[PDB]
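**Student:** Following the hints, complete the assembly by docking chain A with the ligands onto the known chain C.
Chain residues, written in single-letter form:
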Amino acid sequence: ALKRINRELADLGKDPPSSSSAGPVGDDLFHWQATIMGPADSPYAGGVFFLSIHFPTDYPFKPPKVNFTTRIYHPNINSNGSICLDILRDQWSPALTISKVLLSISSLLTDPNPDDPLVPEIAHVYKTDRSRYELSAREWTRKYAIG
Amino acid sequence: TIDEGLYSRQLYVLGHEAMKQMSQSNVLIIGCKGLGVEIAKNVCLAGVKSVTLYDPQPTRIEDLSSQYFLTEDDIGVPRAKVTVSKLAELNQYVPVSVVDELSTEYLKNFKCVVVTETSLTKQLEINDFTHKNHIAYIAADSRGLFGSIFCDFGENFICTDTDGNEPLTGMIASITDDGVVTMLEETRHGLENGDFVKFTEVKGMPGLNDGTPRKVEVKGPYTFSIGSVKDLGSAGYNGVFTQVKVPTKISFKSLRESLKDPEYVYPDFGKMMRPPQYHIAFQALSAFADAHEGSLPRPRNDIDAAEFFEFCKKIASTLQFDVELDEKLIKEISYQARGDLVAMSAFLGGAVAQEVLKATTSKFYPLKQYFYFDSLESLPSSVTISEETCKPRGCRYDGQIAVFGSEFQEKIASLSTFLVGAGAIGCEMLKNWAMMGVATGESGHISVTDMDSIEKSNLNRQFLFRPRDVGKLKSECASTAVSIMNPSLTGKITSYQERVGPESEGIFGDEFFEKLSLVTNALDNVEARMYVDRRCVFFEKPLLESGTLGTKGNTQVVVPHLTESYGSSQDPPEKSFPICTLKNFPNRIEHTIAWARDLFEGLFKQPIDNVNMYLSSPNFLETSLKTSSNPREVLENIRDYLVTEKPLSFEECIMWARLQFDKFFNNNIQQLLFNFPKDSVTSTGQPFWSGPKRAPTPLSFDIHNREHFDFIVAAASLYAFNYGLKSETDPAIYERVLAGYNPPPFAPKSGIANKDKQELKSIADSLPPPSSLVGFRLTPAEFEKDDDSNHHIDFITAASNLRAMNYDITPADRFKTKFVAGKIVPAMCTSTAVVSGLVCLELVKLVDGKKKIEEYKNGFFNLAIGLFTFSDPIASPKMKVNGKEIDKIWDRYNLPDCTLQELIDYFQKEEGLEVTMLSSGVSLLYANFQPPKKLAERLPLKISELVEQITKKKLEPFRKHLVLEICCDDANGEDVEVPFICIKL
Ligand SMILES: Nc1ncnc2c1ncn2[C@@H]1O[C@H](COP(=O)(O)OP(=O)(O)OP(=O)(O)O)[C@@H](O)[C@H]1O
Ligand SMILES: [Mg+2]
Ligand SMILES: [Mg+2]
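In the order they appear, the protein sequences are chains C and A. Numbered per the deposited numbering, the first sequence finishes at 148, counting up by one with no gaps. Counting with the deposited numbering, you get residues 14 to 765, 780 to 1012 for the letters of the second sequence.
The shape of chain A in the complex, shown without the other chains:
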């Protein structure tokens, strides 16, 4: 009963069983500050049964530093009471409640217990109960630029899936008697030692087909071993192996036991001696708070730092820790004790919410057990950070001033950012900027652009949008929501509805880009990312790229004249199958789904386009006859869709659907088996239908079968929609019409002048003239995966399953068909929160203007295994040009709008280089091998005139520059790369 219209993207990450087990679990959250509210928001969006909040402390002003559900009118009211009402709106299936008092027994009502902003004694008291009663216990803490997470899921936790990967499967070439299993040609199984596999469809060794998992002994990238199969047989030929995943038992330790002997998780291997320091430091923080009536050390205070360090020494002595305390790091923890950053809160909230989902669903490998994180490289160094600057000013930014100071706050308040996209990452980025006070000053400004509209499936991970906002523009809603969160952003935010691309350069031009401070990408496609990267490179603006994929995420920072751009790195491209595999010889369901999509486009989209273009363009036929690859195909489509097979009622649509069923699932297979019989052999003597090729079999239309009826209904409904008729769904009419159908005879054909043009003309003149049909249009079917009432995914599923039945492939349901055909990218709210936190932690480095490349960190993480890694950005490559050091990426030539000859002379005289190619855009302006007449015609023209003449399009009035790519040779003839040219018009 899971609402697949809302959890569409999340189910592709978790699954149906995981969510079913998740929707029966209770979560209690103690502490409703920024970290607590982030955890509660992520849990509510995830879809747990219910959430209970416990925080009776009255609200204070500084709490607004990272709490986005608190306003300045709520000062003096308990945080839980004023946060429950705003949390209850995120998801309608997850009730949110509040408890005034907490008792130990009461903890048994919940499946998971998250604890934040709580003293160590209370944490021990809670854990001593939640450990012996088998309740998952997570404890999170955030102090300035430091964070800690502790997980305790019991002594007998059962983890079904340890990495979140789909089971590995592959095809077998041959199996020897020694158990040596070999894959097909150039096929890597990907298995590891100790894995379990099961074999099916193995010829010569039926025993392996039982399904009992067997051990794997990897012997090479293409072969492995399973042991001894002496009794089962001597040799096996062909078959398919599939990995089996077995549950794992994880044993945790209680908080009291693990304080003495913790088990650390390292988020970074460059600093492996720090977690032992943080373990003592946080305990000393708790002791100091308990010794000063719950008051943490004051910001940048030396006396409190000394006392805290004395507590650290006492703890390290008592616990017999054989670790030398790092005074600088410990006192840094002391200084930032009162800090409250929204970026750290978002990062830790995403991590803790993922841990909660692991506890409820018994999936993915959890943290075991301590996770200490720090981003101390983000601390500004170009401003004064002392006790005087970090003291609170009685404003909502006290939690951030306590870490960065007032001068850095003034630096932040005058930012002029540009956010591309308003998706999940866009919403998180806008929330973080609103909390941090970005562009709340006199000279600040924010610009957000996004052309898409809000849909139902977007509300699962985009918390700024509500069901009442479905169908509206994303940018306007996001700007309004963040103006509601931070009233100081009234009038400081501008929202566009423009797609960032070549056609929007009139809005995002030179004037727009010359006032920005940084650009943040929240896109989901590589084309827009590359375009924005090129624009930033040309204008020399810092760029923040971030991407997510299920539970994986990465963040990258591009800094002018320091690091390389986004386009300098290459990512794995999409996989497109060979045309021969899809057309005739499929062996996987993906091939059949791709074939079904092509069939949909060719049946309901292309012929309608041809018909509509024929009835509009007066000279369409002549252009098609000499331009299109198959003019005969176009004429046949037009004839069939206009006169020959134009339906007059829905019965004719049903008849056409039946005919197409016969055409595609009964006749083509007969032709293929006539050309290549099941007993044919290749040139080497091996049977043809062996290995990756599976022998097909024709399908006879059985109306009672569900799949055939589904295909008929979907095809007929889509045809009626194309011709604008009245579709029906009652099976009675289908059964009545299809009973009276006489299948036309079909026998495969063996085959065995310029009259073809005469036949084409005869077909053409048989068509009605365009004048005879005025205002008559056929509606093409535009593929839409998100709508379930247009019969698109239904048709694709039916066709794919029927073709799988042709080749005896295992059919897939509508869920996987929608996943594959629609190119749906799995997404999660936790991953979005984590990437937003990392990007906002890099933003404070960008604001501070850090110069060294070791101070920036590109980040990668995978939450399915609890992996976090950070690496330095790659420096921009340098080069030698005319004995000078030139940056490959961030250097350019600035030149006037001189003539082509003058440009060549300038490059010959100044740089001592001979120009051989000069291009702009997608046109070749000048080449060394062109005929002399063309050059003599082009040389005395200006660059702007040359571009206008070659591209046959006047330069737009807003155009102020030209980017030219030039390839030139040195005096001796050696090719040398040079930076691009920026002609100023």
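The following block holds chain C by itself, in its conformation from the complex:
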């Protein structure tokens, strides 16, 4: 529990994630506030997205609760910030680090999966009218993820 959380925190500290920066809130180990930088080769370029990570008391035997805070226009992310990640609901195993979760979220941001969407309207726009999806994503990442 606490020892595993601190091991992951130190591993993040020892090796800089470059594209991410996770740390405890205040002095509580069961509530982290991570930061993700928008991938360069994506509509979210030049954006900073804040994530809230809530470790369950049974960590790592139960998945952490990762929720977006900055608004994002993505097919697999809804307005509450819930992320459609298979490794967070039922595929979780006590062998995944927070760095792996952040890398998975960054990869998801790199390319969405509209075949199994979480926001059907955004997925429909992505599949049919790609240019309008690009414009909407740029507008959202310029209005919310900047400043």
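Some hints here could point you the wrong way.
Restricting the straight-line Cα-Cα distance to at most 25 Å, the calculated cross-link-like pairs of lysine-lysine (DSS-like) are [stated by the list, open to error]: (1) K915/A with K4/C; (2) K639/A with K128/C; (3) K144/C with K327/A; (4) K762/A with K128/C; (5) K639/A with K144/C; (6) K4/C with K327/A; (7) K66/C with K528/A; (8) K145/A with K135/A; (9) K528/A with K4/C; (10) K144/C with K588/A; (11) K979/A with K424/A; (12) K144/C with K706/A; (13) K979/A with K4/C; (14) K101/C with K66/C; (15) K4/C with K905/A; (16) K872/A with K565/A; (17) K145/A with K66/C; (18) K588/A with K101/C; (19) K4/C with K961/A; (20) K4/C with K980/A; (21) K528/A with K877/A; (22) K872/A with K850/A; (23) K404/A with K872/A.
It should be emphasised that the hints constitute simulated quantities derived from the structure, not laboratory data.
**Tutor:** Same frame as chain C, but now just chain A with the ligands:
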């Protein structure tokens, strides 16, 4: 006509048909001693048609060793006559009678016959009749730490279900022409060779949709084969396969035939040569009793042991048994012939009651046929066990003194135990402790804690509670009942109503835990189990964990400095479906039930909470606007539930329910089909609505349909309850109101600055001020599965079935909906009895203070298949710290309340370790990577002051220690684990 309010948990194990067939069966029980009374109690709680008792022998004192329906005022009265009255109260649907005399013909009046405490000649005489007339015959025996069970259900027993598992079902990706059926991605069918399956909804091969079962030839974890489907088609796409279970014919043998050539059931594979020894030993016991006017060998008597061994040799020679007799084991059976232990009685009674239920219901695979069990590892070795100590003292504990002696009785009578929970296992544990005389001495004591109250459904497996006690505290009732059973426990039992958790450390503190001898868990959740395990680890107290699940059960023992704790092992967690599956694309009824539960919470619980918090907290809106994920959603909920959609009568509630029906079952599906039409394709060209995704279809409100009306009634009633109106159930008003409804038009929308904050403020100021509404509160709906008059399960069932109709999923009834939504754990009385027996057999090892780890046995069993297994506990892991052997679990550092700097210096100088992280509770007290200013501010403070400052909460006066988790590195920088720190305040 089964009373589902009482058999709620048992029906999830047996079923409606099994119980219907069970409630028409008669059971006769011969022998009303501890084993007989245990069997009768379990059968009465199960719910058979009636029970008849036959035991005309007058009561004696030693019979109180395991008979809990006998008192010292009943000495000299036949046991059946004084037990029938107390047995008749357990269940009101199961009459209990007594027969003064037994005749052979009379045996035809019964469906099952259980025989205990009977000679072998009488057993043969009974079985010779009950075998040729097709009557189930069970014979049970308990001698000291040994037990025997024999089952004979006839030569043509029909077993419909052989394992108790639900039929295996799965989804198919493709079926080739060679019969090769393939599952979907990363899906294991779980089938085995010889199983039967039937296919449905198969596209391209209609022939397989008939439903005829077909053989299974497993070829891999993901694919199997069914044979040749050449004629039916060339290739099949998609579909669902479901296993078919066929009846099995089991042929038994009579007792006379099976004495010569028995068929053993092995409860343990480490000792496979013993059952052949016990087979001779019990027959020799019967012969010795018949040769001495029914007198068993005296306890720990050498002459009787020699004579009994001579009888064993004679029997082994006569029956041509080519087995070498083990003299030590046989003479041990001789010594404990007069023993009567309540733990062995409980274990065997649970097993025999399960066998009776198998005989009546023709379900589960029975024992076939002999089952010989022993717990000889429980015999004490730290006390004197001889003829002098084991002779009877003329007290109610003679049956236990004959096995353990008087010194061990004095050891038991001074125990100071702590029982967590007072459920079914708690009641059984308290009964066993009362019978064993636990804490009946001067220095003994028992403490039982449980915060729950007695409900109707708890009376099925908790026999210490009566219908007149419904609504009272469990702990007080249990303590009173066990004080009634054993009068010596008057004033030796303390009952609390406290939940064992972090908030109860002021009651279960250092003083409370420093006087205990052992802790027994009777809980049902993992959080409390882990907490109690941590407390026991810190205080170094033995712990006894036990759990049941339907017909399965397990028991584990935690011994300080010997074995690992409860938290060192991991169990399969609960399954939570992906959010995208539940939200848009379900394919099973569980998804729809989960969605319905979320809908219930979001409609009748969350908005009411927001409204109530808005009217109470003066600064709620400002906090929500910058803290809540969707402040707009909160404002919309408050507005809608306060001003926009506040009902004034029940008609408006009905209108709102109709509107919500349209919102959730007609409009969202239209939007989804507008976004993803039924003919759309994925990026790879495959059709979108194929495989795990099922195309939905909107529902048009038809009032005459039962499901729509049920949803309307439930939703309207719950809304009225939220707003405190008068609900109604007459269909006339519903049909009158709903006729005059004009559906608002709906057309799906294709989509295509900082004014949003202005709109939010406009919505906020439109709400009435909190001052204008003083004392106005809305009642939230707290989910309650056990009450059938609150429309909770009805609403969930209606919503789930309507969503299933949307996606053409098979709807489920209210029974399965209550099972799934309520997270009901199936439970049985027999499993509880068995686990209590095993735990009480381990308790006598704990009392004796056995040191070797091979002398303790964790136990697992499954009564659906008659499986019992026992394995040694896993030893606690060791480690090397500074060239010393440290136990990982049971070792700690004891330190004063020194400053942080002094603690770091102590760890650097003594252990030669560099501290890099130090935490207490859920707070990070010290980390190596913190800015130097923070450390310079924190270093010169004491640990107690540091914790008070970081946690912003003063330490409670009853606090006497702190548990610190420390991670440190060695000199070279390699991480080394160290035990936790116990700072003494
Ligand atoms: N943290 C806890 N502290 C103390 N007692 C607890 C705790 N958690 C559970 N219990 C008690 O454990 C007992 C568990 O018994 P059991 O699960 O058979 O009953 P139940 O949960 O009331 O019934 P059912 O599960 O059949 O609806 C209950 O008395 C419950 O009060
Ligand atoms: Mg309860
Ligand atoms: Mg429970």
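**Student:** Each hint needs a verdict: does it hold in this structure or not?
**Tutor:** Checked hints:
Proposed proximity of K915/A and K4/C is supported: the alpha carbons are some 14 Å apart, at most 25 Å. Straight-line distance between C-alpha atoms of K639/A and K128/C comes to about 34 Å, which puts the hinted pair past the 25 Å bound. Note on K144/C and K327/A: the hinted pairing is violated, with a Cα-Cα distance of about 97 Å set against a maximum of 25 Å. In summary, the hint linking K762/A to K128/C is supported, as the alpha carbons are separated by about 17 Å, within the 25 Å threshold.
The suggested pairing of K639/A with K144/C holds, with an alpha-carbon distance near 17 Å, which does not exceed 25 Å. Taking the CA atoms of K4/C and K327/A, the gap is about 66 Å. The hint is violated against a cut of 25 Å. Restraint check for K66/C and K528/A: not satisfied, since their Cα atoms lie roughly 41 Å apart, outside the 25 Å limit. Restraint check for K145/A and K135/A: the C-alpha separation of about 16 Å stays at or below 25 Å, so the hint holds.
As the CA atoms of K528/A and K4/C are separated by approximately 31 Å, the hinted pair breaks the 25 Å bound. The suggested pairing of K144/C with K588/A is violated, with an alpha-carbon distance near 38 Å, which exceeds 25 Å. Our distance criterion of 25 Å between C-alpha atoms is broken by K979/A and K424/A, whose separation comes to about 47 Å. Distance hint between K144/C and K706/A is unfulfilled; the C-alpha atoms sit about 35 Å from each other, more than 25 Å.
Distance check on the hinted pair: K979/A and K4/C sit about 23 Å apart at the alpha-carbon level, within 25 Å; holds. A threshold of 25 Å between alpha carbons decides the hint, and for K101/C with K66/C the separation of about 14 Å falls inside it, so the pair holds. Annotation: proposed proximity of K4/C to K905/A holds, straight-line Cα distance about 18 Å (limit 25 Å). About 24 Å separates the Cα atoms of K872/A and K565/A, which keeps this hinted pair within 25 Å; it holds.
Our distance criterion of 25 Å between C-alpha atoms is broken by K145/A and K66/C, whose separation comes to about 65 Å. With a CA separation close to 22 Å, the supplied pair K588/A and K101/C stays within the 25 Å bound. For the hint linking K4/C to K961/A, the alpha-carbon distance of about 22 Å falls within 25 Å, and the restraint holds. Between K4/C and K980/A the alpha-carbon distance is near 23 Å, which keeps this suggested pair within the 25 Å criterion.
Between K528/A and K877/A the CA atoms are separated by roughly 20 Å; this keeps the pair inside 25 Å, and the hint holds. About 36 Å separates the Cα atoms of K872/A and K850/A, which puts this hinted pair outside 25 Å; it is violated. A distance of roughly 22 Å separates the Cα atoms of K404/A and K872/A; the hinted pair therefore holds under the 25 Å criterion.
The structure is inconsistent with the numbered hints 2, 3, 6, 7, 9, 10, 11, 12, 17 and 22, although it conforms to all the rest.
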